[PDB]
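Presented below, as structure tokens, is a lone chain in the form deposited in one PDB entry.
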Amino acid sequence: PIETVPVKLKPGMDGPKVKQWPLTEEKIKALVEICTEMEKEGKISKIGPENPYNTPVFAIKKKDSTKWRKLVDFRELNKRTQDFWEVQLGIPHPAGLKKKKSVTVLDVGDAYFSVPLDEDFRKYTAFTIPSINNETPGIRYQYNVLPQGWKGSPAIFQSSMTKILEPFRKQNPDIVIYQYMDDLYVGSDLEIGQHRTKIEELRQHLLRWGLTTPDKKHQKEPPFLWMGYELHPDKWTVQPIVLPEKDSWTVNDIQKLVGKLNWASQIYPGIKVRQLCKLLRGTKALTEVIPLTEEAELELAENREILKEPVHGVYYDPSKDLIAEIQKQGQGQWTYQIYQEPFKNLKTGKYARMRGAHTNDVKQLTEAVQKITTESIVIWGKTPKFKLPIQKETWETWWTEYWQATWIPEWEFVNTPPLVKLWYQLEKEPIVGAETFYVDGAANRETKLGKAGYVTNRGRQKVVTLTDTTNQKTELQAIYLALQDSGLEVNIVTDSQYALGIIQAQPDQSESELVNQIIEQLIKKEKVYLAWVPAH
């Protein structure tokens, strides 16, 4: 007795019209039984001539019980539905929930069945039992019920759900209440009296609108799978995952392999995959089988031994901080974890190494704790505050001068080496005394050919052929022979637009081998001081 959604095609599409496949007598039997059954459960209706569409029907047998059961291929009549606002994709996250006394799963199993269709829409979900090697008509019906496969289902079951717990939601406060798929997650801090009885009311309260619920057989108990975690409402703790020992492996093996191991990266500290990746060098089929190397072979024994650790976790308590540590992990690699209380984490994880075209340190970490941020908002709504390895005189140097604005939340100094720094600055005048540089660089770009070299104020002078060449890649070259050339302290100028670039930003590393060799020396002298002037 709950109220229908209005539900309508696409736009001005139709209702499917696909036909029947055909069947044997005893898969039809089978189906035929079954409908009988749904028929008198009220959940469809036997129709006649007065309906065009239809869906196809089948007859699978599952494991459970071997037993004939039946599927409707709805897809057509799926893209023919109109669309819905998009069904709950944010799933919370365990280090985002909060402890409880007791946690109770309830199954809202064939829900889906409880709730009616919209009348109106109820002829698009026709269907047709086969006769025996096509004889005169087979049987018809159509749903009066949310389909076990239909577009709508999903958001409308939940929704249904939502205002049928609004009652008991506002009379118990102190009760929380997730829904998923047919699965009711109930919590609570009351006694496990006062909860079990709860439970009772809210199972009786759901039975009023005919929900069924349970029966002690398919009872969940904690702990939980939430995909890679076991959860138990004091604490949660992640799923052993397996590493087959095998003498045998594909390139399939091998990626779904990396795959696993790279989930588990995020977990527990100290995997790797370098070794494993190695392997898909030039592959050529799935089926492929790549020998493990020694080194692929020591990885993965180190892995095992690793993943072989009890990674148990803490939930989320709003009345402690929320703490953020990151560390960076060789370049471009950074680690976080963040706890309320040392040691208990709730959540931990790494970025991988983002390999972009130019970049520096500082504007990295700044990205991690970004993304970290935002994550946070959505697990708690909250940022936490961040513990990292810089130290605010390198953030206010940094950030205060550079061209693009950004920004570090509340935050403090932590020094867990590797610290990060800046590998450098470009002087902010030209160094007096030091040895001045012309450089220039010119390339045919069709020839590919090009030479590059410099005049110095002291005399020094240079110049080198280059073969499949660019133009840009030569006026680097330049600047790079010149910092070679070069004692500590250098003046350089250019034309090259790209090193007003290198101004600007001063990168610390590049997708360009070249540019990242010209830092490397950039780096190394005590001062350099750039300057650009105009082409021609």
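Between two forms, the rigid core is defined as the largest C-alpha subset superposing within 1.5 Å. Positions refer to the first chain, counted from 1. Compared with the form deposited in another entry:
- Just one of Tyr124, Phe437, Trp398, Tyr141 moves its Cα by 2 Å or more between the two forms on a rigid core overlay, and this residue is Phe437.
- Positional change of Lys462 between the two forms reaches 2 Å or more at the C-alpha, relative to the superposed core.
- When the rigid core is held fixed, the Cα atom of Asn262 travels 2 angstroms or more between the two forms.
- A displacement of less than 2 angstroms separates the C-alpha positions of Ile44 between the two forms, with the rigid core held in common.
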Second form
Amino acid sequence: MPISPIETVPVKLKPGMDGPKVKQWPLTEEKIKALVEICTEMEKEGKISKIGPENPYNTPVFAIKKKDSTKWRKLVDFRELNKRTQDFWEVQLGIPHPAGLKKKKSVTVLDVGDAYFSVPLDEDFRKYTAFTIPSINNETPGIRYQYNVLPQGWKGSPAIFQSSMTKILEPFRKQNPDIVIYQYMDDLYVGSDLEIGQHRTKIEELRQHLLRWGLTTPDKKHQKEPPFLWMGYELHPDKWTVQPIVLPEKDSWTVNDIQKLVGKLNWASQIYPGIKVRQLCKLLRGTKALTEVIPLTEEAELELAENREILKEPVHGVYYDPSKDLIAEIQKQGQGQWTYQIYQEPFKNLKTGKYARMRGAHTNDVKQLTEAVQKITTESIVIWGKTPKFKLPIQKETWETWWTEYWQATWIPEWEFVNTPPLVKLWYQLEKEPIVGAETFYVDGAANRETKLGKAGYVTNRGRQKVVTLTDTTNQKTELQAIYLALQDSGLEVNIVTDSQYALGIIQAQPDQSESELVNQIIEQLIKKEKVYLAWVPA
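Taking the form deposited in one PDB entry as the starting point, write out the structure of the form deposited in another entry.
Nothing else is written out below except the one chain.
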């Protein structure tokens, strides 16, 4: 009902563009009747105003009544106006996370009633919101209106509403520093550590300040009670959790059923520790239609069963205490899966999460662990404005050996070793110098670009030699095949000389996981050797 006496936000069209001039399609008599009734009510309430014939703009209107109801809705198609309207600043950078909330004695939800219709539209822009209710069979001139408030479906409404609420709340915020107010869409979530009586007094004073600016909110009888159900979460007085999750039991799983399941598992993973989705995600790889049935592999069945067990008993997170440190612990789950928990007091988790190994990468657990530390660090700065102290399953010596030899600059903030197997380690190490009394293999690999045929082989200082033929190969594959040949045919100590910077760079980084069968084959050989020296020579 009220329209805020707040100052308007000046709005422009995109440079070089004029307002929309989209023709109104003739409508049925029942649709015209409904629109006239709706519009007469909005004009009465100050939301829209009748315009003269002068205005050359037009945006189409439609009337929709759902068959279960006898209520008509006015629908305005602002697609053309939105395309011609200036860009606005983004509404929010992120979304509030429950783990980042501090515990409050009392918390109140105040949702603004008819939010957009309570905020005025820039007087110079109103003319572009012009719409026409057509006459019966478009016989005579239609009834023309323009908006005076923020229209539903218009590009600028969310940002202009938000900045209006910010400008309004500003004095109340300055005068009440101990009251927490979260702004989200049409809502205000207000918390305090006052005794219940003065919290209700402060809430009435806030609602009264907002009413002074045209914003209506619910009173004591109508305002929500905990637990608050918000954006897939449950907010209880001293704990939070994700809303109920039911994992369906189907005879046949479709691509759509599996996508829905993976989304629910990912959503539960922010508070249920150990949730895994690798095997279920592998099933979604490919060119498969939404309703196509994908049989579960034994591995996806194993993973689905493990998830059901985790989710069988409800799990909650605690709220944040800004006067304490955040501790993040990470565990290796196998096959590139990593799980983590963040707590302040052991072991009452604020939240949990997971990290997965990058696809098609030659990599090791030290690199995956560094990536997981980085992901957690960034997420922590977003939620709490600080980095946690880490507890990692890697020895200080293993990390020290890694970072001192790696070509890339790498670092982990404050951390301590925690003995939680499986531990993170490097599975082989290249020699620093050529091995004496070890056989030197001068390996070679080449592939013809036209026939795609390759040859991979070696010549040794001891007289040994081999050449093997390969089909539908590349230079890269033949130079990895040549290194693999020397590994297969050598003793426990071997000096290998290659012309490949490609192969050298992969092996030098001590990978132990690869999507390439050939790299994995080389890894198996490297682990088994006692001493391997690898050198590069120009062609």
